[PDB]
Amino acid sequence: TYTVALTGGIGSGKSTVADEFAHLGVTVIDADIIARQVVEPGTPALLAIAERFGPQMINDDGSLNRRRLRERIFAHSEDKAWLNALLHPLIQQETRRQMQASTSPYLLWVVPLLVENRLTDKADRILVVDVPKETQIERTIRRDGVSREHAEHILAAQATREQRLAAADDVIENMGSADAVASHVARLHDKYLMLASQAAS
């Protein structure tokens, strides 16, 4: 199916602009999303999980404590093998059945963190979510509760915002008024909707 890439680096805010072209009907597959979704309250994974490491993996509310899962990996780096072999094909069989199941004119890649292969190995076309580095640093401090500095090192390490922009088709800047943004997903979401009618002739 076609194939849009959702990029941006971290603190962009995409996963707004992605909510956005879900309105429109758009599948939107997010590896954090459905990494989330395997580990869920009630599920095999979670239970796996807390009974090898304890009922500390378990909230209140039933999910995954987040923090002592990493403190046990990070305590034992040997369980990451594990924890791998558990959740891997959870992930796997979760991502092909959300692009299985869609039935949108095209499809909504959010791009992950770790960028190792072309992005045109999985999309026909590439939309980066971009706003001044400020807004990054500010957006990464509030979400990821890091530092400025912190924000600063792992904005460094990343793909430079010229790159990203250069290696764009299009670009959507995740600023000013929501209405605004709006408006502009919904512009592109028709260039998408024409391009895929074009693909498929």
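Numbering follows the first chain given and starts at 1. C-alpha atoms forming the largest set that superposes within 1.5 Å between two forms make up the rigid core. First, how it differs from the form deposited in another entry.
- Candidate set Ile73, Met99, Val115, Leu90; criterion, C-alpha shift of 2 Å or more between the two forms after rigid-core fit; matching residue, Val115.
Same protein, different form: I have the form deposited in one PDB entry, so give me the form deposited in another entry.
No partner chains or extra molecules come along with it, only the chain itself.
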């Protein structure tokens, strides 16, 4: 199936761009979303976490207390292997279920570390969501509650903005009016539709 990889640095707003494609009927595969889905309230995976580490892993609303789980892994690195063994098969299975259930002309894959992990060959096209470096820092501080210095360190550990732009087939700047960004998405959607038809012929 024709696949577009959506990449971008921290704080770029990849998910708001991906949502626009989803609104146009595109199947969006996002491993971070799938990871949260497999531990949602009532899931067997969440129960396994609670039965091992305790009921404090479940908030009053039935959801995973993510900070408590991060604290457990921080104190007991051995528990990272147990968590991966529990969750990785579920994420892989749900990823494949969503792929197989798709009926859209192409798939949009949200890939956080495409350039870092050097995956810029497996998708048919690469779409980079770009913002200025200061915009990344500002948005990461707000969403994640980190210092500017922390945000700068994360940027240092990721591919450079220039590397991402260099690898991109298309660039969408997640800046300015939201309506114009949505219009930009619709323009790219048509491009991908025609490319998917070309590939199928």
